[PDB]
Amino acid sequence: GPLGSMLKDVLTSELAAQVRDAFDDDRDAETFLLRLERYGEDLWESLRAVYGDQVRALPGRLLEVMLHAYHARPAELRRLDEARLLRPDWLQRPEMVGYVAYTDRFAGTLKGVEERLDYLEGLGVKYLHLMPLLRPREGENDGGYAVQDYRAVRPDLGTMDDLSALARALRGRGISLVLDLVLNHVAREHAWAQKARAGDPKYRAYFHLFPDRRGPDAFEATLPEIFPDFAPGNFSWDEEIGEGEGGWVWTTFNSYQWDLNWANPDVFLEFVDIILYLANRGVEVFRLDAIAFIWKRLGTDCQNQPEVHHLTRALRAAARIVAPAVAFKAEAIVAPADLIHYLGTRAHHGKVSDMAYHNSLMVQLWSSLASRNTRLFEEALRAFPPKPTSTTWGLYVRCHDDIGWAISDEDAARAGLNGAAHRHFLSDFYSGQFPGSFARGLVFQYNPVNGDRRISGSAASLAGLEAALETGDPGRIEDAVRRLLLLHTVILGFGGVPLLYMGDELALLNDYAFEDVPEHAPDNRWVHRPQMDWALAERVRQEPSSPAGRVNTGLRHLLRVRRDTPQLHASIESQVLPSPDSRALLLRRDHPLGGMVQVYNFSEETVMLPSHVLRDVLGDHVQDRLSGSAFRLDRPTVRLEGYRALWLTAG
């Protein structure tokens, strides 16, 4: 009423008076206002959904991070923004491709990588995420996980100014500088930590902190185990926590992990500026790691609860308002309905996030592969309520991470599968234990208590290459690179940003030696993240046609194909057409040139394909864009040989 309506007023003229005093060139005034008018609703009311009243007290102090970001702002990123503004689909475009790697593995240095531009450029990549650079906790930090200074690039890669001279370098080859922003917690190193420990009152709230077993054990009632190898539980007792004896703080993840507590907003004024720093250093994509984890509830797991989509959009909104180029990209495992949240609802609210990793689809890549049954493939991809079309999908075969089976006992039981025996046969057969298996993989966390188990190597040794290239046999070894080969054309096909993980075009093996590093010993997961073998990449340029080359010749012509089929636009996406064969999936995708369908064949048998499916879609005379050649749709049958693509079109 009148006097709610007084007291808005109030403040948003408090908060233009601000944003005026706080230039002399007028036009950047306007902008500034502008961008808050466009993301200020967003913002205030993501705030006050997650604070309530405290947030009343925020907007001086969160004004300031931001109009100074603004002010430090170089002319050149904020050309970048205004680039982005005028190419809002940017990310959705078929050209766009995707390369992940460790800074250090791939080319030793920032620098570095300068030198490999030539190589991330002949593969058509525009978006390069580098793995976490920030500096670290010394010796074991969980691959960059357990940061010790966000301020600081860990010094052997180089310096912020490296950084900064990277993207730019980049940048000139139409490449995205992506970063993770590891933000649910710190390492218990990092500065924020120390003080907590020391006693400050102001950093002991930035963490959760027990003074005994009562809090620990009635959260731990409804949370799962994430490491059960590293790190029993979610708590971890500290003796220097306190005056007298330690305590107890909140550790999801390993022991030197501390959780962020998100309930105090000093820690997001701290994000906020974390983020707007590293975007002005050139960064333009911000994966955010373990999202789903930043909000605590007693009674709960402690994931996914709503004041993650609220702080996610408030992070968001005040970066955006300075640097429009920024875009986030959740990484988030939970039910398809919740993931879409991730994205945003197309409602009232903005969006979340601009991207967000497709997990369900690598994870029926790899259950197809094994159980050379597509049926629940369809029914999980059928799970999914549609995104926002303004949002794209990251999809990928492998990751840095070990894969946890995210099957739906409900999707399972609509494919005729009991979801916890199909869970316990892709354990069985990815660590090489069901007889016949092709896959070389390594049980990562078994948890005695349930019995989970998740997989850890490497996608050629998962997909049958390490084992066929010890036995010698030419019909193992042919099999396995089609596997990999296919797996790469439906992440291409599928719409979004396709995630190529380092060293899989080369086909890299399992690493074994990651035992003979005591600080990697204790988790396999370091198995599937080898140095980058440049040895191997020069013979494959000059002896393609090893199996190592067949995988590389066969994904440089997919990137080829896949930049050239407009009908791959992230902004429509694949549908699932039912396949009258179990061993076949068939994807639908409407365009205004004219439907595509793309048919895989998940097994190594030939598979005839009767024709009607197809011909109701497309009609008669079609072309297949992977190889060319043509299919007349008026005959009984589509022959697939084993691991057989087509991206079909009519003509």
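Positions refer to the first chain, counted from 1. Basically, rigid core = biggest C-alpha set you can superpose within 1.5 Å across the two forms. First, how it differs from the form deposited in another entry.
Put simply, after the core is superposed between these two forms, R197 is the one residue in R440, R562, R197, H422 with a Cα shift of at least 2 angstroms. A displacement of less than 2 angstroms separates the C-alpha positions of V113 between these two forms, with the rigid core held in common. Relative to the superposed core, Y127 shifts its CA atom by less than 2 Å between these two forms. After superposing the rigid core, the C-alpha of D634 moves by less than 2 Å between these two forms.
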Given for the second form:
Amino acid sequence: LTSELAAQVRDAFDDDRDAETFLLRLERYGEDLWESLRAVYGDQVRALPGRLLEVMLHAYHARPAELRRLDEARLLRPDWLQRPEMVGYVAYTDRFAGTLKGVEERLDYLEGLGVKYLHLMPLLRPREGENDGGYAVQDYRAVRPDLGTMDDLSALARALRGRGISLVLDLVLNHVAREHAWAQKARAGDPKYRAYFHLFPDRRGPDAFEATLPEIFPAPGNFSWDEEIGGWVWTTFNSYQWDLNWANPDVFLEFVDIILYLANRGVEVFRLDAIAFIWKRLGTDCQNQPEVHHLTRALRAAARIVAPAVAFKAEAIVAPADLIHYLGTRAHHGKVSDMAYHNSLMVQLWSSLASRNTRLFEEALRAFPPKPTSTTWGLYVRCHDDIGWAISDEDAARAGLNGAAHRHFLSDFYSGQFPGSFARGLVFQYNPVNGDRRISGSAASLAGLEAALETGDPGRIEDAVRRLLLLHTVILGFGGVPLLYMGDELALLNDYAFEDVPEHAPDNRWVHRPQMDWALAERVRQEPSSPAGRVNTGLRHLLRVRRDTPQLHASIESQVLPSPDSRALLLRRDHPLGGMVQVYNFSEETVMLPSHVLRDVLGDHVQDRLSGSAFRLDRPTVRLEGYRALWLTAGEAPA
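Next up, the form deposited in another entry. The previous block was the form deposited in one PDB entry.
Shown next is a single chain and nothing more.
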């Protein structure tokens, strides 16, 4: 930040207060921005500060007054994402309400549920034809035509703002569709756009990289031949998907422009897709490269300057050692992506439900490194994906188990194969290398409700209801944003109508991606003692309690309290108003949990926030019914 930049800035604004705000923000986040661009682009052209600033100034001018207010509000409350009132809902626009206009019609449903974070599945304009479910983007400044237009998106954002809901979008950083304007300008041979991709004249560069790359479709391959470069283009994922070259600063500028464009249309949180892949280095797997963080840090800083209201969420499923970098280590500590996904917690929930054992869970959480306190996990029980058993062999070992043996068990269990399993999932992928399988299926089908409905047995139906509620309780209390997956609140079962639909039939993930039935949702509200109704009212109650428990603030991490019974998981959360201990029984059986381990942190008298009832810990044991969850804090003893 020189005299030059400041004067440029100062002369770019009619109102003096705008100039001052911009300048104060540039002073505050300048360090983050320039240090990072230097580490990536080195001594560059040096013209870059000035070109970046034109992009930032343009975006700031176009930023509407209501979004500037949200901007100041965010500065007053930096931890908005970490507040216990925060509840997320994840849906496909079309499968929830047909169109973006349609989503406006259903805000009463969402606001009623307590949702303050709405993540719609990919909707930026994809190429026509196969599109890797929206990850092949044709234009980032347009919407898929069937869903509406950008205007529609912009309006839906105004409406959501009015009910205090943030809109969340997927932004693919790593590649565009072969039909993207840039990809076309490059094929018509404009040198500028040729430099947006990894382009190769002969078969040598491709060969040099493929030496150390693993493959993502086990189409097979990392490079593709195209007529008008002939020549080779870097194509991680599918052939119609061309990796952008982030070593070219022109690409950086395109993305700061797109992020700020979309932010000005009311996007509040960006899910940054394929972020792990954006930096290539010969000799490596070309994932999780240092430069990835420097770029994220620079993108985040431009967003901090123009649009304080905005936050980033990193989509990378990677081992925990690797994942922690996406929240920031060493220099960065929240200066990169703010949110992420806690894939491990989701895996351990299903694993423990199947194993009736929580040693593995304890171990996985203990080996997880602490996050920066200003960042936040996103927690889910299910999402639009298959489930892969990401259980490391070291974690399994510390639990007295063999990684492969345990993971084979889980696929056997959740597929329905294992004797006396409650689950009804489908196998999605079978890998002949390992034997490792991936499971499709809805929360309700996997937790046993499908199986139980076939028998009619009240006892097994109750077990299924309580399992769904237990899973949702853990994510609601763990610390972080619970991402309810659309229709889990109605306990939707596997849908097999996708087979009759010729475009879905090949891909059985559609099994857990149903159409929302609005009539069914009305039925469930009015039948409180059906299974769905039990889940629906049970969940609405947990969301209400969460929103009023300060100890769930996400800046505080849950610590594992090692359990005297392997059927139980215990989590401690320290807070100024007084500690909380969360107690989960992952078994059908009644557990008599020894008192000492809770007495030690909470004292003699406690009260369960969930049901209201009191417990004495000066008793040898505490009775835990099957699938029972307690949120214990300190209390009294007048009786």
